[PDB]
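Got chain A sorted already, so can you dock chains B, C and D with the ligands onto it with the hints?
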Amino acid sequence: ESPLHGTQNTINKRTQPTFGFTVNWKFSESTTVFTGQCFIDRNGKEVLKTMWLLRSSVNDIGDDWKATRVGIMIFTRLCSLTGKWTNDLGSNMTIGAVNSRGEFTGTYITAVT
Amino acid sequence: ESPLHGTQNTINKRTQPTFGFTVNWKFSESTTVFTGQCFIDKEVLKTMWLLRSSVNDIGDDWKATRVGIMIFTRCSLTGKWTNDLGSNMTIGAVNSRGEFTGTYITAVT
Amino acid sequence: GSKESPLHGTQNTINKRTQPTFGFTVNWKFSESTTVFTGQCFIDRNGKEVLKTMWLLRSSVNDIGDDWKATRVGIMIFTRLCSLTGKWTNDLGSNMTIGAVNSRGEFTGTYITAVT
Amino acid sequence: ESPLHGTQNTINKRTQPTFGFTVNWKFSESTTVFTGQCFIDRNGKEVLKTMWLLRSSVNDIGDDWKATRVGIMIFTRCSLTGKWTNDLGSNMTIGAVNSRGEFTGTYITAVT
Ligand SMILES: O=C(O)CCCC[C@@H]1SC[C@@H]2NC(=O)N[C@@H]21
Ligand SMILES: O=C(O)CCCC[C@@H]1SC[C@@H]2NC(=O)N[C@@H]21
Ligand SMILES: O=C(O)CCCC[C@@H]1SC[C@@H]2NC(=O)N[C@@H]21
Ligand SMILES: O=C(O)CCCC[C@@H]1SC[C@@H]2NC(=O)N[C@@H]21
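Residue numbers (our numbering), protein chains in the order written: chain A, 1 to 113; chain B, 1001 to 1109; chain C, 2001 to 2116; chain D, 3001 to 3112.
These aren't lab readings, by the way, just hints derived from the structure by calculation.
What you were told as hints is all true, and nothing was included just to trick you.
Each computed BS3-like pair below joins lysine-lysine, with the alpha-carbon atoms no more than 27 Å apart:
#, chain 1, residue 1, chain 2, residue 2
1, B, 1063, D, 3066
2, B, 1080, B, 1046
3, B, 1046, C, 2069
4, B, 1013, D, 3066
Below, a sample of chain D positions facing chain A; criterion: calculated Cβ distance under 10 Å:
#, residue
5, 3053
6, 3054
7, 3062
8, 3063
9, 3064
10, 3065
11, 3068
12, 3069
13, 3070
14, 3071
15, 3072
16, 3073
17, 3088
18, 3111
19, 3112
Ideal Cβ placement from N, Cα and C applies to all residues, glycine included.
Chain A on its own, in the form it takes in the complex:
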């Protein structure tokens, strides 16, 4: 498990907020950021559609150009962000309560490396 920390937007309540979080990897020098929005899909299921940037560490500023990978992640419950979320890769995460400023913490387990 690595800790995650982020926020969900609080501007309107007329939609399901966008959100972003950072996973602060505890087994490597990398960081990953996720950003997305929660939807009620056509079948009634909550879905988090996110995209992510995975930042690797480099030792030389001249290698900076190759340090960022990008991709998607769709999470389904195991539209409050709070709870447990799973993915098809087998990765999963837990999000705690969202407070009045829209902040939340959680934990992330990656099935893949």
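Below, chains B, C and D with the ligands without anything else, positioned relative to chain A:
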């Protein structure tokens, strides 16, 4: 100003940590996340970002995310940073676990 | 439901054991935009050939000051409606036809997007 | 030195057109795609502002998630045709652009 919340990687040394943060925009319903690395030789943050727009329908999700880069100049994340879009950021003390908060001002929309 | 647009690309391989990577550009005929797609063909759990791609959609901006916001990113998985040649479809409803691939790896085709 | 080709969009006859190209790397199995726009900058210089996706060949559909890198590339010496260079030390030359927006060129990468 909009609040940012992130974490700096604390694994091993490292003189030049990676990091990530999320800016929760206070004038828009979107969210941006930045990730990158703090270099020192003079400190510079080289980041890439994803700007997530809010969409009304799950049908529109495909077009909701823009991407780009941002270099900030005046390795610790703590303190004041600027860039050449004219955007400014202030970052507070970093925790032993690596968590930080701050504020972000964007010069462009 | 859109106008068909041309696409042009190349595939790249050395070791026959892995399927080639490829990229292509779609030259949109109803907009000022350009999209590039890159990815690789796999055989699904299923059966099935799948093109797993990611894309960058470049909008036209008038002012270089607005360059920062001109690029969208996402994924697209295509399945036949592991050769690139033939007809491919996706979850949005978008459709793609790719012609024969030449000895240089070059290929062309047509793209119809069901979304804008 | 590696081959590229792509197309420029001329749907509005823009003096600052968008474009994209594929670079077919010759001594690897990777593919990079670039997309951007040609600008006349504030100081009169031509500048290509682009972003790229670099795709690695992976062995297994299960590693597909880690196969794509992203970043920017700004080229300076608005026509695409000619010689262009960047901060990394890389060099590109673009051929003639035909009536349909199509061009080919070569890309000498300085980094890997
Ligand atoms: O390898 C590292 O240094 C950290 C692990 C990165 C795991 C990535 S982050 C995006 C993708 N989605 C996942 O659930 N795991 C991978
Ligand atoms: O327009 C919005 O919805 C929020 C403002 C977005 C600001 C972006 S985030 C990436 C880029 N870097 C900046 O300093 N500002 C812009
Ligand atoms: O809107 C435009 O200017 C051109 C249409 C682009 C459609 C995009 S490209 C990425 C994604 N995949 C699709 O099949 N449609 C969208
Ligand atoms: O690594 C490979 O397998 C092929 C070389 C990749 C070169 C990349 S593409 C983006 C960036 N810009 C450059 O001029 N070189 C690198």
